[PDB]
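Just one chain follows, in the form deposited without this ligand, and it is written as structure tokens.
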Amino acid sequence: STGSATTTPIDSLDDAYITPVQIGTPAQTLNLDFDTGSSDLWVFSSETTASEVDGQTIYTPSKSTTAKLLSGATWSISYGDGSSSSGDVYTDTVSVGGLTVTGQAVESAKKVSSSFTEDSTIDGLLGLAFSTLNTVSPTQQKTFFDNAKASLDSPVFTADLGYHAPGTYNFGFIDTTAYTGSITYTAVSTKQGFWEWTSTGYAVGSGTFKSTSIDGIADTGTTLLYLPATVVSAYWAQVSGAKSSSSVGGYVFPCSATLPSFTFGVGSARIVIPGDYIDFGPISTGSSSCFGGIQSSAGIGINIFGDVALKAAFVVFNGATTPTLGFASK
């Protein structure tokens, strides 16, 4: 089997991407944030504290004839950005782009943190990291991909995120028309539960490539590109007037600037992030100070190849017995 679904930016800045997901019988379609950095499929629901729901579409398990309460199961998650959610668990039928899993754990939120409430466009998350990170207790549950894998034509999914435009998540096949040149594959460590890999280096603008190993995670659920302070300083030094602002929370730059590209290495291959992908717009409405899309990972504890990086590539998440990652230009 295969599946193919369009993923759409939630706003004009590509702060996140939402993908429609069918849950239950009859289908209840929710728009979920596909997150290769976590491993829970959780939704706003009829059980979510009413004051914490503000415009989201909810899953109502009592209206699904295939929903079954997973007795005694609870979940609770905290994300890198400080947001969180928790609740109980159903199993139900879940379909993405024509690909159907029966008996998928659907984690129903009883509580969500304010950042989720305040984002009306995201109805929940669909985790695509390794199932070892799943938070369901006392019996850990499998991701949608893990459940689908054996049925797929090939045990892969691909992320093709758009810049200021829709893109595609495919399951079970590689669309050879969706990229240019070849796909370069690179080793993955699953030791921390992530799609963790080592970039071979970087360049800023038309500058020379610096060969250096950068361990980090391919994370569709993180907006920005978080890299070591040395690398980030080298980038922003090429933007006149750019500075790190402790009050704002990262590097800012004059909105009048033209940003240089940023290149990262995948083996001997190179992925070029155009400068415009690194512009996250005014820090507050009407400001002429703009927020940068490349930020320091210092104090995160890990480097993160988030959407800024991934959207410059066609990305293969190869879930073979030994997983790997592939990157192509597009």
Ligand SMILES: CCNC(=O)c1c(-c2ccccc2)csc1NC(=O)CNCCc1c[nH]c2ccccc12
Second form
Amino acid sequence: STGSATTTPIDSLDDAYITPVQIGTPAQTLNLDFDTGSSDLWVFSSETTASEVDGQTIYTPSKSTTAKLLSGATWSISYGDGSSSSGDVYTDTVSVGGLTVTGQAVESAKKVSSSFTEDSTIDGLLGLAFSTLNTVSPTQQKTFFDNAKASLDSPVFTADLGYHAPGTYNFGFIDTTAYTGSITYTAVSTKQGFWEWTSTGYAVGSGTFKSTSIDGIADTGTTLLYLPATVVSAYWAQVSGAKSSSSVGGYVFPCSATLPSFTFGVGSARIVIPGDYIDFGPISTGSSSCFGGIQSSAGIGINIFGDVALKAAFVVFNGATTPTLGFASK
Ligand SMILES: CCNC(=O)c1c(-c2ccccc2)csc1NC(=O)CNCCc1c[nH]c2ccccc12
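Starting from the form deposited without this ligand above, please write out the structure of the form solved in complex with this ligand.
Following is the full complex, with the preceding chain placed first.
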């Protein structure tokens, strides 16, 4: 089997991407944020504290003839940005772009934090990292991909995120028309539960490529590109007037600037992130100071190849017995 669904930026800055998902019988369609950096499929629901719902579409398990309460199961997750959510668990039928999993754990939110309440466009998250990160207790649950994998034509999914435009998530096949050149595959460590790999280096604009190992994660659920302070300083040094602002929480730059590209290495291959992908607009409405899309990972503890990086590429998440990642230009 295979599945294919369109993913759409939630706003004009590509702050996140939402993908429609069918849950239950009859189908309830929710727009979920496909997140290769976490492993819980959780949703706004009829159980969510009412003051914490502000425009989201909710899953109502009582209206699904295939929903079953998973007895005694709860979940609770906290992310590095400080956001969180928690609740109970149902199993139900979940479909993505034609690919169906029965008995998928659907984690129903009783509580969500302010960042989630404030994003009316995101009805929940669909985790695509490794199932070892799943938070359901006392019995850990599997991701959608883990559940679907054996049935797929090939045990893979691909992310093709658009810049200011829709893109595609495919499950079970590689669309050879969706990229240019070849796909370069690179080794993955699953030890931290992430799609963790090692970039071979970087360049800033038309500058010389610096060969250096940068370990980090391929994370569709993080907006920005978080890299070591040395690398980030080298990038922003090329933008006149750019500075790290403690008050704003990272590098900012004059909105009148033309940003250089940023290149990262995948083996001998090179993915080029155009400069405009790195512009995240005024820090506050009407400001002429703009927020940068490349920021320091110092204090995260890991580097994160988030949407800013991934949207410059066609990305293969290969869930073969030894997982790997593939990157192609497009
Ligand atoms: C800044 C978002 N990323 C993280 O927190 C994160 C971290 C992390 C750890 C410590 C400090 C900062 C970041 C490691 S892996 C990792 N990746 C994820 O956690 C992926 N899931 C993001 C879920 C998420 C958090 N806030 C949102 C708001 C809208 C849509 C999705 C979200």
